[PDB]
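Below you will find one chain, with nothing else, as structure tokens; this is the form solved without its partner chain, and questions on how it binds or moves follow later.
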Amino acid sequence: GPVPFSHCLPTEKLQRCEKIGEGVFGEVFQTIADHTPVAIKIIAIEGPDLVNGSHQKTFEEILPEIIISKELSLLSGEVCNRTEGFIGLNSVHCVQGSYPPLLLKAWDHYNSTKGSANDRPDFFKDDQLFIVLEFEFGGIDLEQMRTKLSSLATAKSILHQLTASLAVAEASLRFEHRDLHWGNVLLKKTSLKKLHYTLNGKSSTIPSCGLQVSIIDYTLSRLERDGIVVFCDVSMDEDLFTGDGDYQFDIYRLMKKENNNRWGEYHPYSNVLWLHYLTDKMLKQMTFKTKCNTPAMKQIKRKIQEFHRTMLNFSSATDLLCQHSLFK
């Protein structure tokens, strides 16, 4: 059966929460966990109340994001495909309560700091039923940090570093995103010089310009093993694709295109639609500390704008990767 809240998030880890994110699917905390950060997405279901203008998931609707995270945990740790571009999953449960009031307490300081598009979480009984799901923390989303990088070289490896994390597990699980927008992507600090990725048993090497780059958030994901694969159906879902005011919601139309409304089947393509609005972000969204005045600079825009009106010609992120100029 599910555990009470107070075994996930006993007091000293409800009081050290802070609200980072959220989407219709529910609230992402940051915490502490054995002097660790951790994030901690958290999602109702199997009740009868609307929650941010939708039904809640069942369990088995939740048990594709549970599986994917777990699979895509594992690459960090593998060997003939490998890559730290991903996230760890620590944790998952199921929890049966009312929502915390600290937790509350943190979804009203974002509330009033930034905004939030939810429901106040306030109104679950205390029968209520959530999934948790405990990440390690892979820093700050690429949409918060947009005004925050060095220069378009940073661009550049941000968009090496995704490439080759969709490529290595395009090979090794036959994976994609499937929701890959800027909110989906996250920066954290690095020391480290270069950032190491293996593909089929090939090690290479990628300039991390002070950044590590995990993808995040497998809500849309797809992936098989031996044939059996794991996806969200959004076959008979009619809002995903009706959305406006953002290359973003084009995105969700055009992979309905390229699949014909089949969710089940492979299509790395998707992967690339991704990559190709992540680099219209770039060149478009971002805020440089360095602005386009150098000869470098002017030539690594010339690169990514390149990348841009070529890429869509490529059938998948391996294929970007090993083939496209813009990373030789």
The other form holds:
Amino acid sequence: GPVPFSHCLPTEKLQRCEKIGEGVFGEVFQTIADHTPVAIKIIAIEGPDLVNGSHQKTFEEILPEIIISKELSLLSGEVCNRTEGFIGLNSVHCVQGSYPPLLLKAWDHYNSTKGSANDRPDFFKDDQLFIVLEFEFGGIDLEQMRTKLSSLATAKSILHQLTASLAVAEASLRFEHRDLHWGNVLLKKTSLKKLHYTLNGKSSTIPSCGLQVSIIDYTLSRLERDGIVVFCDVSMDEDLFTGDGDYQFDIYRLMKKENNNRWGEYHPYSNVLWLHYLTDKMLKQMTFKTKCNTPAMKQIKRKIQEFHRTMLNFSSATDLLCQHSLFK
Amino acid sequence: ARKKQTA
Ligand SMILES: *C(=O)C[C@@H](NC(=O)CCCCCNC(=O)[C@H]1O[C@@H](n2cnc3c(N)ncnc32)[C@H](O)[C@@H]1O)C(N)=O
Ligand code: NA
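I would like to compare: after the form solved without its partner chain, may I see the structure of the form deposited with its partner chain bound?
And the full complex, kicking off with our chain again.
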């Protein structure tokens, strides 16, 4: 049976909530438990009425994200195909009740400072169900770090980390992320000089440049285990393919072209498309604290430019990681 | 941006 909000958010945890993100169907908060930050994603489910102008999702509709979140989190503890590049999943609960007054307070503070596109979540009744996903706190999204990175050497570590994580997930799970825009890439400081992964039993390292990248958000993602495929069928979606004003919105169309609008199939080229979009952001929209002033830094810039103009001729993140000159 | 927006 469902639990009260108190189960996920005891008082001290609830009292420490700050809102960090939102979308059509959810709210994301940061809080603290045992001296450690975590991120809480809260989705209303199963009700007949509108939230932020759209119908609530059913449990069936959210289940794929729950499943995929868990499978990708478990890659940190695997052997042949091992990566910590996906966000850790701590717990998932089904909760019943009105929205806590303490979360409303957090919601109000975000609306005052950043502005919300969503309704104030104060209208839910005591029978309302929610899914509450608790994750590792992954740092700050790449979009919000547009003006905050040291140099293009950092961008290279970020791209290498992303390619490796995706390669490991391809190998283990026939994974496609399918929505890896720059709000779904998180950066956190790390003291580790290098990060470790294992791809089909071969272990390697990546220089961190002081950052650990985490991938999040699996609403559009696809994977499989023992031939059972978990994915989001967007073949009849009326607006996913009609966006404009950012290369991001072309990627949805280019995915649909690659897969012939058959979303259950495996087309790991979609991971390449997203990595090309990310590289394009690094070269065009990111602005660095230190530019490429030295010949050595101009060289890194040239290698990332070369990656950008060649990577679309690779068939998967695995092909990119194993064969592309950038990662030698 | 989010893939779908409120909106
Ligand atoms: C497709 O239709 C998906 C749909 N999703 C939702 O509406 C559900 C809510 C989406 C929330 C989007 N915003 C974020 O995820 C931002 O919150 C921050 N963030 C998320 N998770 C973390 C973790 N683990 N640690 C730190 N920060 C996190 C981050 O700033 C994200 O960009 C839709 N229409 O979006
Ligand atoms: Na992780």
